[PDB]
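First comes one chain, alone, set out as structure tokens in the form solved without its partner chain.
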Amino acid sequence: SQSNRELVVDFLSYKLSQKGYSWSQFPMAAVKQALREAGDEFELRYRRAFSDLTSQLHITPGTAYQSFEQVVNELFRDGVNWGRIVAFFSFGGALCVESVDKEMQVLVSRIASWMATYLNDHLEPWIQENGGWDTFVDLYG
């Protein structure tokens, strides 16, 4: 999916802009907008910015995808649902904000690639079974 990479990049650039950071580190319009809104709703409800999960990751330029996948898997203990997909985007955005805070902005494009990998491998199977991104738009748009 080229569409999935674009969605990840849009959500991450959105979150970086919104929070005061640079995003220069790297129908589709309705999915992008619905997701932006969903992440904002998610983040007002759950304020801790995945602090324990980012700590569990302990991301560095040495970190490989397998380590990211294992931590992200934690969001899906009880399988996929729509809020947990939003949680996933929100977590990657948190990781990216952490990385820019740390002067580790080299991580941001890597995190984006990893999120696209994970979404394609692990999340799209459920998404497609439950009505695809059109159903996401009905729900959140």
Contents of the next structure:
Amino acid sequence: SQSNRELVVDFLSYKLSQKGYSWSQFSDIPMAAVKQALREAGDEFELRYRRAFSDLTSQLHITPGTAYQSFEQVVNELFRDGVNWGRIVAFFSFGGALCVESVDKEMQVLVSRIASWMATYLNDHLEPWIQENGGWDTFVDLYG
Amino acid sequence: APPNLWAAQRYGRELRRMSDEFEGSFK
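Other form of same protein, the form solved in complex with its partner chain, not the form solved without its partner chain:
Everything in the complex follows now, all chains and molecules, and the chain you saw is the first one.
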């Protein structure tokens, strides 16, 4: 889905802008309610679990060379057991923190790459569960 | 997976724990 790639782009842009950066500095039933719920869910999650986002780039030894593997390792583990809306929010915040810090440490190249990995993962492994659960409208309802 | 990726593994496992608790926090 393009709406999914749009969800990723929306969320990352939000997280980036939130720290002074602009998404355009690195890239070439309604969804507005969904984008908003996710944004909020993300802020709350990052707030309640600040520790897991402190020095991610350090906590994982991330470099443009190991970035993908690290990303995939974290995510495969996160969903190893299955899927929840909670894990999905965690999935988004993680990717967001990852981008924001890549930019902070002169690795801006990772931003768009991360978005791609997220969209790909979202579409290939999360989408089925999402739909089976009623689509994103279900999250908007169940969250706040 | 090589040791260089085990940290990412533990991190993912911890992430799951925090999001399961978060999940349990919903309406």
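By rigid core we mean the largest C-alpha set that fits within 1.5 Å across both forms. Positions refer to the first chain, counted from 1.
Checking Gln105, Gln56, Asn81, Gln33 for C-alpha shifts of 2 Å or more between the two forms, after the rigid core is superposed, gives a single hit: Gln56.
With the core superposed, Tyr65 shows a C-alpha displacement of at least 2 Å between the two forms. Superposition on the rigid core between the two forms places the CA atom of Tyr21 2 Å or more away from its counterpart.
If you overlay the core, the Cα of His122 moves by 0.5 Å between the two forms.
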